[PDB]
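Take a look at this single chain, the form deposited without 3-(2-methoxyphenyl)benzoic acid (EAJ), given in structure tokens.
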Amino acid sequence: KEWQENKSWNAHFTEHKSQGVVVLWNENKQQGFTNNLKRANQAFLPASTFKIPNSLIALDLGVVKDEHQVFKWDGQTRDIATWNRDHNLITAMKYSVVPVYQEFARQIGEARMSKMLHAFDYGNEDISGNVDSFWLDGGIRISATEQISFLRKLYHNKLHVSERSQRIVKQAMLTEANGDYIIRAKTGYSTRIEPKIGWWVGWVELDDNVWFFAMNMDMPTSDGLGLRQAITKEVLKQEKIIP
């Protein structure tokens, strides 16, 4: 069976008075697992999870030379302290620095952004809205299961951008690593259009397997943003993927 429903994972959403989906993909067995088959396939705004494809396109088109190139703060004080400074690809991803990516998007342009999302088979491939905000309040929509399809192509260097572009983005996605596993992931928080949801998408590298993952959850306030990672990890722990 391609996809199996495991409703016992809802205990982890319930424990934190939350609602959402975790989708796992066992790369070795080519098998999916989720607590909610329906919500697993419900398409939402990608929000900052879009920084993954945006990074790839920017690198491939030379908008970003490498992970060292500095993007100068424009001097507009914004409400996230960490955005109010110079950034490179690594720090811009780490802190989800929208202004840097809005600038990448303007330089990429509508026509090339569109051609690339088509080549990537990314979500509904719809960039309608502002070229510099469409992943936050435009037409683009992607499900947890479609995030995993895209992430598996990135992991195997199968997107039509250079191997180099893919390696650099995967470096930039690095989030956590220890003796037990490596997580390459990107967070997202969609707030501009209802419903407000938190994202975490990426994968867990083990010695002998890769577990791809995409979770989203109802996020009325930013007070629960920490539950994106904490709930994903309770699921990974239950499934014995991490100790």
Contents of the next structure:
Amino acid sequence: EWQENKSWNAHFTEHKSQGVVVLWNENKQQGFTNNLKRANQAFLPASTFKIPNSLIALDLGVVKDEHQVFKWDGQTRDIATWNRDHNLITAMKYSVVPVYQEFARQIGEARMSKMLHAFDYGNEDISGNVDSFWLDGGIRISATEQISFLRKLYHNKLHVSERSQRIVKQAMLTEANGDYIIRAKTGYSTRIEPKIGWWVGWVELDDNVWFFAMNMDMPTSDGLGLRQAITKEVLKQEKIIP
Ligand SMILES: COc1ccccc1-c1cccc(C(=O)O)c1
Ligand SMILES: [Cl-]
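Structure of the form solved in complex with 3-(2-methoxyphenyl)benzoic acid (EAJ), please, following the form deposited without 3-(2-methoxyphenyl)benzoic acid (EAJ)?
Full assembly next; the chain just shown is listed first.
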């Protein structure tokens, strides 16, 4: 069942923005969103693709574990945190595209395509360059499809090993305190219009889990912090977090 709550639009408009938040109550199997249409519109996944990419790299042995060091290639890039060595944990934390581009090359087109189909991930279309298709190729995924994929990951139901799924969920760890745990991944899509920011993941409570997926218009990098800020305002309004 699905319910549309347009009152959340206030959280976007008060920030002169537009977007969608989708929430899923796992216990009650009920979904909530401010915009049913946009919840089902398909966008480039951008760095949210690091979730499936990590799973595939681990399950194929391209990545041994979360400690393996991927050495900086020595090319100075405009994002300072990328000009350093990384492991899976820090590569996720800092959305280190060049590390995941190498993952994709080693995975290869054939295995990547098969695995995304097994994951039922978005439109499952890797058309484009194997090392950038999630940034400017043909792959697309909606906010509701992100939730479906994330629910499988949470339950270890994706068609990779349990170990691979546990490692990626560890690497998704974003926030934890005495009230909740958030495992999530941000995304920032600029190469194909409309430019958007993503935040997808879930909130673990003592007795329930709330999956979430949001995207919003992102004409400049100035508003990136609104991805988390708007989501949490919705979570607070729905009394999911204090
Ligand atoms: C394509 O990443 C960027 C492009 C332009 C400006 C900043 C970034 C950036 C770099 C790393 C993480 C994030 C982020 O999702 O918060 C954003
Ligand atoms: Cl953990």
